[PDB]
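Visitor: Okay, here's what each chain looks like letter by letter:
Number of protein chains: 2
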Amino acid sequence: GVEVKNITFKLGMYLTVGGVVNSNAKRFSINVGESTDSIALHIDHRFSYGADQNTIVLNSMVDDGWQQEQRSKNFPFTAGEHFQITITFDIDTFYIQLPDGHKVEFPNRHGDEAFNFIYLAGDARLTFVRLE
Amino acid sequence: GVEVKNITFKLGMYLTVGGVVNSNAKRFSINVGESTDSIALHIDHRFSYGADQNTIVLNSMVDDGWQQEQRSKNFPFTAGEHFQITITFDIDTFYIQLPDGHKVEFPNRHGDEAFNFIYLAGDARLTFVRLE
Ligand SMILES: OC[C@H]1O[C@@H](O[C@H]2[C@H](O)[C@@H](O)[C@H](O)O[C@@H]2CO)[C@H](O)[C@@H](O)[C@H]1O
Ligand SMILES: OC[C@H]1O[C@@H](O[C@H]2[C@H](O)[C@@H](O)[C@H](O)O[C@@H]2CO)[C@H](O)[C@@H](O)[C@H]1O
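So the protein lines, in turn, are chains A and B.
Just add 204 to wherever you are in the first sequence, counting from 1, and you've got this note's numbering.
Just add 204 to wherever you are in the second sequence, counting from 1, and you've got this note's numbering.
Just so you know, the hints here were simulated from the structure itself, not pulled from any lab data.
Don't take every hint at face value.
Note that identical chains are pooled: a pair holds if it fits in a single copy or bridges any two copies.
[What the hints assert, rightly or not] Once the Cα atoms are required to be at most 27 Å apart in a straight line, the calculated DSSO-like pairs of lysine-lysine come out as: (1) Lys209 - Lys230; (2) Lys307 - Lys214; (3) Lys214 - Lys230.
Turn these sequences into a full structure, and let the hints steer you where they fit.
Guide: Here you go:
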């Protein structure tokens, strides 16, 4: 998927990602961190991934190893349709605004103040990234 | 600055890049191609870079070697202020729409139907990328 590197996404900023879910999507993720092996925030939108049907799975990855999962069954996503998601954070917590007023919080496990890497993976097409 | 890798920019698509020019900018470039070293379209916005004052320099880079330059004196950019440009192409030509709505042309020297890499260099910061 699309990898955005050498950006500065730090305290007090927001990041919005727009995309269109593919027609027969299985899943797509948005990822914020340092690299494909260091991810502070993985938001996996699972349409049908094993036992996870219309479920968001959140995690972090450290040295290419997945940590402890969190799940949400609020799933305002539809195959073939546009979405926007907005992320902000402080040293404690990521705040994720999903479509249709849904919201998920996920811990900022290392208390990082800035990230340099954003990555959209799987069954969605990027339409835009806005960061300020 | 920002590198965007594995972006799918094909014939028929419009790539818009937006951001803010540094307050005492000397130059910044938007680059479309395959990597830092492999650029089909380099658009260098030169406020002040040697003999180029308020000049756009366009070129391509093959295997880390610059090719033949082209210049334009249409320069609707201001240090410290926002900018946005929209890039399109067919198999022959790139079309670059500047902030005042006017277009500059540059040859598609390799006659490619898709590119996969964008990056910004220099005295500006990216705040937005869109594909439509
Ligand atoms: O945690 C995100 C990570 O999940 C992996 O799949 C997990 C699965 O979610 C879980 O239920 C099972 O117990 O373990 C699997 C392997 O850790 C995905 O493979 C990976 O791509 C991420 O999405
Ligand atoms: O061609 C784009 C390339 O230009 C380099 O600068 C050139 C300059 O434009 C030219 O007038 C002079 O003769 O040579 C310089 C060095 O080749 C930039 O340094 C490079 O970053 C690109 O912008």
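Visitor: If a hint holds in the structure, say so; if it does not, say that too.
Guide: Hint check results:
no.: 1; hint: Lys209 - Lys230; in the structure: both (26 Å within a copy, 23 Å between copies)
no.: 2; hint: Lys307 - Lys214; in the structure: within (19 Å within a copy, 34 Å between copies)
no.: 3; hint: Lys214 - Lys230; in the structure: between (31 Å within a copy, 24 Å between copies)
In this structure, every one of the numbered hints holds.
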